[PDB]
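For reference, the chains in residue letters:
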Amino acid sequence: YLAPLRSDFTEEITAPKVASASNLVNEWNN
Amino acid sequence: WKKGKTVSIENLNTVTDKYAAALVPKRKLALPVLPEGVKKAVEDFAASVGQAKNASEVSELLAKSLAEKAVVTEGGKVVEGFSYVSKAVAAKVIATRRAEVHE
Amino acid sequence: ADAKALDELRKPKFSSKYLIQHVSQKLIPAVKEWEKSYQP
Amino acid sequence: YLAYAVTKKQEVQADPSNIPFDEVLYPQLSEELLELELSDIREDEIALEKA
Amino acid sequence: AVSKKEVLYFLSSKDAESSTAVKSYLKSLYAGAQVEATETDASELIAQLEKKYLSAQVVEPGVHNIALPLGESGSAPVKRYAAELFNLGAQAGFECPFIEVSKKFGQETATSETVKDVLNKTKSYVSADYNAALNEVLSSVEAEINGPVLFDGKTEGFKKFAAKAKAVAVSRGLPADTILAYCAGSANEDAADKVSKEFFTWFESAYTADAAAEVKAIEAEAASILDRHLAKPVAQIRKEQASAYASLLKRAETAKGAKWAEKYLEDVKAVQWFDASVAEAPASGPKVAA
Amino acid sequence: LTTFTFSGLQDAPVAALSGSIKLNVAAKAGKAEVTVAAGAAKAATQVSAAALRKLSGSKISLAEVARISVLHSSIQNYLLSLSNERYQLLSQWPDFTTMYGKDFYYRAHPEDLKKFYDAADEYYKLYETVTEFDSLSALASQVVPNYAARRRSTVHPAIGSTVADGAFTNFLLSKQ
Amino acid sequence: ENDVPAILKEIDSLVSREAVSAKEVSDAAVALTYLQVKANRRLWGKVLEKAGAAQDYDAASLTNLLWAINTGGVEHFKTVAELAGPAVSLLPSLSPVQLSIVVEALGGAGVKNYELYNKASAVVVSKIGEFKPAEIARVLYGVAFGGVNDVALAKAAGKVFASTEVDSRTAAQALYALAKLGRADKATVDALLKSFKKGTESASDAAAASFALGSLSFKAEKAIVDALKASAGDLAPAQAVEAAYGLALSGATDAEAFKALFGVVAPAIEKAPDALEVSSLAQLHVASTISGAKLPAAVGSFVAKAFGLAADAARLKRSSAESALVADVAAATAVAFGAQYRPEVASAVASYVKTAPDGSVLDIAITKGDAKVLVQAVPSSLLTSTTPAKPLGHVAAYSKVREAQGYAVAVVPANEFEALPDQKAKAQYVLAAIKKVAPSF
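Protein chains in written order, with our numbering: chain V, 1111 to 1140; chain W, 870 to 972; chain D, 1084 to 1123; chain X, 94 to 144; chain U, 180 to 469; chain G, 228 to 403; chain E, 73 to 513.
Hints are supplied without guarantee of correctness; some may be wrong.
Which residues of chain E face chain G? A partial, calculated answer using Cβ under 8 Å [what the hints assert, rightly or not]:
| no. | residue |
| --- | --- |
| 1 | 79 |
| 2 | 82 |
| 3 | 100 |
| 4 | 107 |
| 5 | 108 |
| 6 | 113 |
| 7 | 117 |
| 8 | 147 |
| 9 | 173 |
| 10 | 180 |
| 11 | 213 |
| 12 | 241 |
| 13 | 277 |
| 14 | 280 |
In case anyone wonders, no lab produced these hints; they're calculated from the structure. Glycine included, each C-beta is placed from N, C-alpha and C at the ideal position.
Please construct the entire structure, taking both the sequences and the accompanying hints into account.
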């Protein structure tokens, strides 16, 4: 349940990179 | 299971009954088990007439006579004229046919 | 043991905050002495 | 849940009317499983009736 | 314990493990202890670097106490989430986000004399399809000047750029004339509030749409992480998540005596308390002393 | 809440809108005769005008007791509400065990029975991995550290592109 | 027949079921403030848990819920700020009585929703005769504490408070809203100060006008301090500090009131020194030094140490226009004392940053023998938001504490200082400011 601790900063101001929709909702419908 | 809610054991158990309702065969032999309501009525009645040492052998044959001509019930309904050949009856036919060809 | 507190239980657990603190305790004294000893 | 699961499953497993008999379930199959082996004895008997 | 520059950052802060560091310090000053002299030293570079590493000890537990509004309908859970990050940055010593990134532009480009240099030293902080959309406008205006545009304002060539740089900003969707008339002020406060109430409907539509774009990325990351995980067998998942829990306990158990690792294992033992307390009375939850 | 509030038995609710709580107050000019009833219990006390004003003197300050954090629970609640949407389309799967009989076995092409007995073994793969709800806590920890490092910005935690664009036109279109 | 801990278990079972509606979560919250259930925190949590999960909301159950959260003193920001969704969608559906309860409860919690406060204040300035003067001071209290500097509502409320006689309770709410806005229009403040002719029914509105008068620096009205010497048992210790501080900022000399107000605070600090926030301990050291009423011996030195903290934490988290003004005033006070060249000022402004006797840091501290002057710069954040733009009462708070440590505070307001065209004129502003305070320099 536990995550790696990071101590780093974000220098840029960017768009948060929306990931692509997986195919699982229709392949389980296939 | 709804999106935010929890499942209840009144519905988890209703689902489990649907699983075990598929474990009953679709057509079954009503092989009758003798309850103690009728098998202890015949044991003391055998002790009424002094044969209580052979009271168990009466109760064993009491179950068996209902058991050899046990009837086939499909959905609780008795299907009359349902003839079935046993796995032990059919293995008697094979051992007869094997031993008369070997001779 | 059991039945801890409220203000002990309100802290978010696996946040960093002590890597940031451990870096800040090893970056700041090691860069305070860099600025007082610096010639190009 | 697992306490009702081992009780309802044994409720249908203690019942001897729930013993599945392939002879009762599939009569035309359990008689053809017989004549698979009765044809193999019949084929061994034709070779004896030819000799 | 604290070094007094931590405890000054934790005064107006509101989270738990800092306010029990303040309440333990405020009880010590009450019991006849003298307060340390605040050092007026560590000139501008070390002073602005300690602010970087002390505000990140206020932001980092504060970000973890802000529930994301994932899978929510409406604009009020995003206006809750963004306002919790506004009030978190204020507790960490940040100013308004408009005031703080405009300070970042003038800090990067105090010595940018050309408009092509201010478009390439503030490149990390501007949206890249807006920074590129100001390069077709800079290259179009460069045709009628045929000389580099300077960052002057009194130069006529800068007004030829700002005639068409403003033309993009309205086409991007942002009212640049209500932004510029807000930060210029006005004469009367009655018509200064007609521009204040039109800046703050842009700004509330500005800070929501990138708090929502930060949520919709977490919704799409969690849906691609889950759909990568639902394709596995359950035995693979149980041993993949048992190695990651083992290798990350091991990383915190090798480091002994470090402050972060001994606080890490106090969190593992407090997670296990939460599971053990729920296991004793699960219709009520964890036991709080109250 | 602020230090001073200005509410209590002035434009107050005098009647409840539910049936599980039946509340009626009697607004005296000084005090209020309250009577609330909830099922079998009845409570009828009297509050003063200055007794509702001292209520907001000390603040309750409700705070969430979360297992790991409030951030982590909001990702795990989303993964649980996503893992419910995939469970709902495993609920609409046709019952393959109604075709496990030997009168479906021996009628069928033997390769279309391997496919059917593997399509039933795939449902138990999909169904046992979507009901692995103990796996969702360690999945939400793969979303937290990339998110929290974006909020650990040098500009602001709440900064994004749309604010930084509109603060670029304030920066650019003013005279340097 | 009459049981509260048996009706709490009936409410606790009401809000623990899975289908708690909006009407049932409102009425469970209303029944918990009328029963005064501050001691049971989890029962207030279960109602606040179900208040966010409820999806229907009509105009009456939202208003009864927000009334109960505000009156009960219950703060949870995540739940209350998400009740702005049911508030902004039902905003034409709201009564003017109910809209004042919605905006006051969302405003007092600190909800940053400009679409609510623009649309609620545009309703009030359009339909103002429908709004009773108690329903216009709550909406002014909402938009003031929601971070909006809406003066078009504060001007339109100014026409009502000078015409209609308003109650003592709704005057203090209007004054507290003005002190957060920082306006101090004396035609409207004293029009709200003529509402203390009936007395105060509570001390929380005698203290809220006490705090709001010293924050704008008018004076005590002495009907307000008459209520505070009598009703100072009706106040929490955090409310009595803000009561005493706003008196001392306004120049209140009645030390029997300050004996009453410190008799609430100082018993609370000894049993719990950490219960009050450090910004309120610094407000107590202002109140005990300006009025001069002494504190207990362990408290009055501890509250003196806590003024060094809250002035240092307001120095670390400096606004960077207060950083750019201090370094502009320290430049203009270096050339005033004689520094003709750039390398002469930069070694002088580093010498002005002597530390205070309480451990704090003073940016511009000059010493000539035994005489000390301090220069204070006050940017806009400590100035009144109206046209004469005089500084707020909180800077005379800081000056009169620094004067009692051995300094002479010359305030340099940035609406006047940055009005000057040149640096030497800015030196003619600072040197004129020091000699009118301490003429030995």
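_Output the indices of the hints that this structure fails to meet, ascending._
Violated: none.
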